[PDB]
Amino acid sequence: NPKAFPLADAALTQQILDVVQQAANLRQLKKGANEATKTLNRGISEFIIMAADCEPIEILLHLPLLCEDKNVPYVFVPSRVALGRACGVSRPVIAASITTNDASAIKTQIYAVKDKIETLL
Amino acid sequence: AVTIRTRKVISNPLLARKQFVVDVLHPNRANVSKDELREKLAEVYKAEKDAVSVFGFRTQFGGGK
Amino acid sequence: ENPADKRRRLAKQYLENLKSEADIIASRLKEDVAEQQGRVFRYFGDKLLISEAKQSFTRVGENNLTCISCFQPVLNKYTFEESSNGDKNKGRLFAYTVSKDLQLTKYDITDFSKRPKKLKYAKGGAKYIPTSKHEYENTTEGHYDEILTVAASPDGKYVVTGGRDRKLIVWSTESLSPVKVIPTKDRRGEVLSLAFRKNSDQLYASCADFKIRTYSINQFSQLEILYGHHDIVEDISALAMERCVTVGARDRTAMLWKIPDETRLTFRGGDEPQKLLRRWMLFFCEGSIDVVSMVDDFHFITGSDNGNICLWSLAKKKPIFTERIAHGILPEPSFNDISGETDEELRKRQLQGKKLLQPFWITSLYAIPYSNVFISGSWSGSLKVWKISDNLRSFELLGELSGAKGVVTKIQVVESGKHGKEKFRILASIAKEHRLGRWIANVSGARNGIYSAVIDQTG
Amino acid sequence: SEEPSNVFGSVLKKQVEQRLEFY
Amino acid sequence: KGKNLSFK
Amino acid sequence: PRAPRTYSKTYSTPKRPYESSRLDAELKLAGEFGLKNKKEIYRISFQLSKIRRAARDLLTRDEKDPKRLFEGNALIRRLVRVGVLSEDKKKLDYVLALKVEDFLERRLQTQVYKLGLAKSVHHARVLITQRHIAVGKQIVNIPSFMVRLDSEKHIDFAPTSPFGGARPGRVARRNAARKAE
RNA sequence: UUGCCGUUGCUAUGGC
Numbered sequence: 005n006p007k008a009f010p011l012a013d014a015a016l017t018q019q020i021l022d023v024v025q026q027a028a029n030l031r032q033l034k035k036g037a038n039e040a041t042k043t044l045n046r047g048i049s050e051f052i053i054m055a056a057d058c059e060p061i062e063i064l065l066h067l068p069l070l071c072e073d074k075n076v077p078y079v080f081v082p083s084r085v086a087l088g089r090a091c092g093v094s095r096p097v098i099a100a101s102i103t104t105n106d107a108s109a110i111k112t113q114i115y116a117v118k119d120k121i122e123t124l125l
Numbered sequence: 004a005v006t007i008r009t010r011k012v013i014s015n016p017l018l019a020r021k022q023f024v025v026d027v028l029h030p031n032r033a034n035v036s037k038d039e040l041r042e043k044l045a046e047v048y049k050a051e052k053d054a055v056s057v058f059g060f061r062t063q064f065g066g067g068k
Numbered sequence: 057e058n059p060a061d062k063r064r065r066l067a068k069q070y071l072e073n074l075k076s077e078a115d116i117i118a119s120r121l122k123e124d125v126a127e128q129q130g131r132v133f134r135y136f137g138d139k140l141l142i143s144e145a146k147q148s149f150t151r152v153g154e155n156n157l158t159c160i161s162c163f164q165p166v167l168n169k170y171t172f173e174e175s176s177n178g179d180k181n182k183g184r185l186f187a188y189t190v191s192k193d194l195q196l197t198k199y200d201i202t203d204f205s206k207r208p209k210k211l212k213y214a215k216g217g218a219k220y221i222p223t224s225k226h227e228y229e230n231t232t233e234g235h236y237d238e239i240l241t242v243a244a245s246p247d248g249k250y251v252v253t254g255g256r257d258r259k260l261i262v263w264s265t266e267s268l269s270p271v272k273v274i275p276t277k278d279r280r281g282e283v284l285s286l287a288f289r290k291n292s293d294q295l296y297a298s299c300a301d302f303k304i305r306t307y308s309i310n311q312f313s314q315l316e317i318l319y320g321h322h323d324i325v326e327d328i329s330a331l332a333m334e335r336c337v338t339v340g341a342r343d344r345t346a347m348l349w350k351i352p353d354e355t356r357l358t359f360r361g362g363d364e365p366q367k368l369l370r371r372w373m395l396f397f398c399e400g401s402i403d404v405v406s407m408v409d410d411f412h413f414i415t416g417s418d419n420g421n422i423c424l425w426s427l428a429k430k431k432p433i434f435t436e437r438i439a440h441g442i443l444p445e446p447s448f449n450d451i452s453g454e455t456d457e458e459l460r461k462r463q464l465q466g467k468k469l470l471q472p473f474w475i476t477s478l479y480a481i482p483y484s485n486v487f488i489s490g491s492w493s494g495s496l497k498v499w500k501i502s503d504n505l506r507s508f509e510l511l512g513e514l515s516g517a518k519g520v521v522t523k524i525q526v527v528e529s530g531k532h533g534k535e536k537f538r539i540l541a542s543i544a545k546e547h548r549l550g551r552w553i554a555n556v557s558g559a560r561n562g563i564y565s566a567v568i569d570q571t572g
Numbered sequence: 393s394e395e396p397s398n399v400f401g402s403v404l405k406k407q408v409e410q411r412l413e414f415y
Numbered sequence: 725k726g727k728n729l730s731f732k
Numbered sequence: 002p003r004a005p006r007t008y009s010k011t012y013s014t015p016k017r018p019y020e021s022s023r024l025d026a027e028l029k030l031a032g033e034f035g036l037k038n039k040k041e042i043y044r045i046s047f048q049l050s051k052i053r054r055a056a057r058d059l060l061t062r063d064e065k066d067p068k069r070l071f072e073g074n075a076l077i078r079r080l081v082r083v084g085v086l087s088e089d090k091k092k093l094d095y096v097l098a099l100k101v102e103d104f105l106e107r108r109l110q111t112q113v114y115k116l117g118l119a120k121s122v123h124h125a126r127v128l129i130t131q132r133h134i135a136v137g138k139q140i141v142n143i144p145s146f147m148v149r150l151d152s153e154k155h156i157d158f159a160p161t162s163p164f165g166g167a168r169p170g171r172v173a174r175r176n177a178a179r180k181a182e
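Protein chains in written order, with UniProt numbering: chain A, 5 to 125; chain B, 4 to 68; chain C, 57 to 78, 115 to 373, 395 to 572; chain D, 393 to 415; chain E, 725 to 732; chain F, 2 to 182.
Hints were generated in silico from the structure; no laboratory data involved. Watch out, some of these pointers could steer you wrong.
30 Å max Cα-Cα, derived DSBU-like pairs, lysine-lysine [unchecked claim]: (1) A:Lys118 x F:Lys154; (2) B:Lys68 x E:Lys725; (3) C:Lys431 x F:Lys91; (4) F:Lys91 x C:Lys303; (5) C:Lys225 x F:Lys154; (6) C:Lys290 x C:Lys431; (7) C:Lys182 x C:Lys210; (8) F:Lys180 x C:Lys219; (9) C:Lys62 x C:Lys122; (10) E:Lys732 x F:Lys138; (11) B:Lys68 x F:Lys154; (12) F:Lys51 x A:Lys111.
Produce the entire structure from the sequences given, and follow the hints as far as they go.
Have a look at this one:
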């Protein structure tokens, strides 16, 4: 019913906010909306995370359109402040993307959350 | 710097001494000679140098200790 | 006139002062050595008068003050000499502050009725950028990137500063002159917290490389490295003995180091909203542990980003007591801003009730050594003071100080006066943005300043 | 937005105007 | 319990 | 004649080494993981064979048996600790489903390539054999080291390494000097 | 009280 949908519960945000951090450390993370847009055009994203408190929220809703067109999972986290902190950047982040790499060291838990996010959808 | 630490200290008045295990950390240095240790131990325990014996030193693989 | 006689003279004068002040003499002498016995021996929380505290918020020059450090001289019983570096500094209280503007500033806080007065400062900049680009050549006299933390040597002879520039310079307290530069020797070992061993020269530094660095300030030489944290080490605290306690941030694990034995104790919270809600039949999952202050040699407290203040005992891995949402819930976003739709009801639907709401973070958490009281800080706009139970099994809210407005980066407490009657002054560095980064939305009324509050004891 | 408003459009332009003066 | 010293 | 001190072989020759698909498979495994010769492959296969044979024997036992429960739980615990077996597949049937490739990525060489410290498998082995890599406190020069989860989280360049913050190498300092002179 | 700019007392809080 809300434009923000689906919204992960408090537990799931923790595992989602987990994966993004190692992705940032492993250079497997793209931060910010326009980067997230680009990755969808190249089709190099497992899934993309968004903040539900984005000011305004309509700005990031174009990302859902791309994924469901491209059959990519997506999810919303309650706080952009928290999401940016996990991303490792000193500024709030409204949208982030995990890049495709079957050769990631953090492959296993990405597919783990990629399973839960799909169930959420 | 070089740091010297003593552990498992057992007073042995029967032999009239104190026995213990020496752990020396020496970053950026090959190792420490026995005389240098005996010096440090002598000031640490407030005893004469001649009353200090040190032996059986093995540096860990990779160095530094 | 041998030194033993001098000690005898100083000891004799010391006893005469105690006799003039006053069974009682025997008790005070025991208290003079209570610190060696690592137990809480300072029960004065009930005697504190929060309501009559004289609050003041002295501002400062630089933007985004990151840390403050206070130096209090203490008389040494073993030699009967004050910790003051020089005769001029006898009974002079000093506070040192740094910001993200690469400037270290010292202030004089001897007078509680009066307020901190600037004495000297040193400012860094692009002049100090290293040309070599190899780490070990990071021996430049000044800062060239943000400053995060400060520690003042208990001898009052040195103050040490660190930040995101992967280095540690120690400055002379009197002139703020850099005497030595200690590179961290890691590409990503950026200093995050500095804690000194009380009444001692050992410094413990927590860095962004997941490691703790132990230094000897007099020898100006590195001693040992501590590995074992699985994420950045945000905070570190110490007391007279070498049990430094640290927090691993997103690893969500508080960790105590026995340096002499080369052994460590692991502490984890492990709280889940599901069980908490069922036992109730808004609780937020703890995200990271950002602050730690060790109340006692066998006890310590931590602050989480879910607004949870947790008490710990070395015997038990799990927290013994928890205070959920200590600083409250962040104000909800405005409906006129959440959505661009004209219809208000459409905008209200985007607020999603209370799901979006999140708690304040515990930006600061400080406990007075071996005492029954500790202070917490956030950007809620008020400093909360708590008292631990006599059994050290739970704590309660003693009061609040609403003078501070902005993020409470870091807190200190200083006391003055006679043993029975002691006046307590709380110094808290206040900024407009969080120390580690600029994530926080600009808080209305937030100001970059040092908050000061003098509290009196009566009863 | 099914029924877009101009409240955000106003402030965004004001943000641009501040940038224009700065440069 | 032992003792600790540092030099050079 | 002192009672003999126990020793064991860590590998066994395959039943038919020359079968074509087997040669192609070992080629693939070695190139993916940069193995020096087939002997590592045989060692890993022998270890997997022992482990999964134990798993099969335990499965043959009826459920709720003290032996099945005890040794099965021990094997599952060891396998998850080494990182081979995922936390959510803690059952003997999944232990039966293991493959040599899994142990192969659990080789330290794979992780040092993998985390971004090295661009390639062979560069990774070069870094390991050259004492540029540290697990926690300890410098490791063995590419075959089997990494635990706590261990893989702590992989880094060693402090003494020129890449870990030490002074430049003999070659670098030599060239810098000759440039100075 | 403050890098700057104000208000409020004779001290306390508003803006970048």
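Verification of the hints:
A hinted pair counts as satisfied when its Cα atoms are at most 30 Å apart, and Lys118 of chain A with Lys154 of chain F qualifies at roughly 22 Å. Between the alpha carbons of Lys68 of chain B and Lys725 of chain E the distance comes to roughly 20 Å, so the proposed pair stays at or under 30 Å and holds. Proximity of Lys431 of chain C to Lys91 of chain F is assessed by CA-CA distance (about 26 Å); at most 30 Å being required, the pair is judged to hold. A hinted pair counts as satisfied when its Cα atoms are at most 30 Å apart, and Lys91 of chain F with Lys303 of chain C does not qualify at roughly 33 Å.
Between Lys225 of chain C and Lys154 of chain F, the direct Cα distance comes to roughly 28 Å. Compliance with the 30 Å bound is thereby established for this hinted pair. Using a Cα cut-off of 30 Å, the hinted pair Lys290 of chain C and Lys431 of chain C holds, with the two alpha carbons roughly 27 Å apart. With a C-alpha separation of about 18 Å, the suggested pairing of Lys182 of chain C with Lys210 of chain C holds against the 30 Å cut-off. As the CA atoms of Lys180 of chain F and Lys219 of chain C are separated by approximately 27 Å, the hinted pair is consistent with the 30 Å bound.
Pair hint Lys62 of chain C plus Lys122 of chain C holds up; C-alpha atoms about 22 Å apart against a cutoff of 30 Å. Only pairs whose Cα atoms come within 30 Å are accepted, and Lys732 of chain E paired with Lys138 of chain F is accepted, the gap being roughly 23 Å. Proximity of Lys68 of chain B to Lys154 of chain F is assessed by CA-CA distance (about 24 Å); at most 30 Å being required, the pair is judged to hold. The suggested pairing of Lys51 of chain F with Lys111 of chain A holds, with an alpha-carbon distance near 28 Å, which does not exceed 30 Å.
Consistency note: the structure conflicts with earlier hint 4 alone.
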